[PDB]
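Next up is one chain by itself, shown in structure tokens, the form deposited without its partner chain.
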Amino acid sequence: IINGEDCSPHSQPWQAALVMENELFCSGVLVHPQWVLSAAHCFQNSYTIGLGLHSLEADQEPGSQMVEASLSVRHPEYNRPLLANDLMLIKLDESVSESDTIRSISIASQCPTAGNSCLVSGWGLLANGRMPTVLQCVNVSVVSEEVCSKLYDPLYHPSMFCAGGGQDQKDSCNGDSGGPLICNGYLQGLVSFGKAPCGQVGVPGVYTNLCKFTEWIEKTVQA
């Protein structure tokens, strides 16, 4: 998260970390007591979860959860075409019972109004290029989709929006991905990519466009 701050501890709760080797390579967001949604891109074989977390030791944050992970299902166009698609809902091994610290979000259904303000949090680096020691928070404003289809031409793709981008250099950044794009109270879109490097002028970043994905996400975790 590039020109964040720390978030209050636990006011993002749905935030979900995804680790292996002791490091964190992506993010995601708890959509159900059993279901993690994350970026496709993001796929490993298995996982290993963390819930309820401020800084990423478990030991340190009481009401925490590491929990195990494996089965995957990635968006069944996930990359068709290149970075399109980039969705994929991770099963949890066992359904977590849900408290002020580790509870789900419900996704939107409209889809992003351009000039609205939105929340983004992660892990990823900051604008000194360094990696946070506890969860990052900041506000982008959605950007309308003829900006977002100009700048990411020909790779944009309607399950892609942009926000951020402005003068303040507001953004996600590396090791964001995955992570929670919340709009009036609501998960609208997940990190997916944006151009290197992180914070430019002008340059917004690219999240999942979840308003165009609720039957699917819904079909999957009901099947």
Contents of the next structure:
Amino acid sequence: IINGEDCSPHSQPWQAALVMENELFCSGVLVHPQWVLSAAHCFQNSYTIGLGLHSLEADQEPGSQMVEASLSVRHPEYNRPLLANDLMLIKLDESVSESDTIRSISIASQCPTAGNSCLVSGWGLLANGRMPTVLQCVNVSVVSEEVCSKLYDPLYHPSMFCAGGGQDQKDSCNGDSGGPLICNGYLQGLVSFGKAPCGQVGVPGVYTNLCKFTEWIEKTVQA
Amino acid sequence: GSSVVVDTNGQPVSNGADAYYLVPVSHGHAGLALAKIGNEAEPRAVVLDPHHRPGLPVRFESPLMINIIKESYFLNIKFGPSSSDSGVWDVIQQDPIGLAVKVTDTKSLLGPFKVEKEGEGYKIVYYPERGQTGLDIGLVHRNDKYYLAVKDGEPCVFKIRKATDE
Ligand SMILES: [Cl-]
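To complete the pair, please output the form solved in complex with its partner chain; the form deposited without its partner chain was given just before.
Complete assembly follows, chain above in first position.
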């Protein structure tokens, strides 16, 4: 997260850390007690998932859980066209007990509103190119589809939307993949891709447009 | 595939942040360099030069907001620092080499290469138009130089060494 600040601890209790050999490589979002939504580009054959975290050291985080997951389902049209449909559902080996620090979030049914200010959170790179010790939060604003397509055609697809690109240089960055973009109290997007470097004035980042997938998510979780 | 690309220390290769040497598994005595091709006055073709080891380091870049690289990702490959796009690889028809690896100073959001497991290391695969069919990068010997170029079925196999000597 570029030009953000430490999140208030446990203010984003749906945040999931996907870790590999004790290092974070992506985030995800708890959307049901047994399911984590993340970007399909973060797919692995198995996962270790950290819930209830603030720092990434579970042995310093009361209320946290480090849980295993074997099964995940990429959206069937992931990467056709290239970069599009960038979501997957990870089934935890067991359902978690929700608490004030581990909680699912509802998915937006309505698609993004151009101009609206939203929140993105993650443990990815800071402006100084270092990794933060605790979860970071920043606001970014949704850009119109007209501007998103102008900047990103031929790779813009309505399974995506753009946010950020302000004078404020607020942005997501590498290591924030798969984490949440929250708008007006609901999960609206997942961090997906963008033009490097992060935090360029006039260049928004691209997020998975989850309003397009509510039926597939519901069906997958129920099946 | 879903496999993470790793360096010679077994650590994931980063997305752009760190540079790495492509060390040929059976040519550790040689390394990547720029050379002249055709009638060009400036060296813009990529060769494996027996006089430079480990050679010019590269960075592997994907637009995805992740800090590791998987074998399935389309990549840009470039010489030089993250901040520069003057060393970006592309594959360009150039007689009599064939489809030669060359450097250019422009970069697409999504590059045309993948890094794929092969033998004891990895091969570089070029996908024209970022389609489904990949062409292996190997060596073409012309004008006393070993150019990196498409040589499908005869890839140059590399290990990837993090460039912490600099
Ligand atoms: Cl080595």
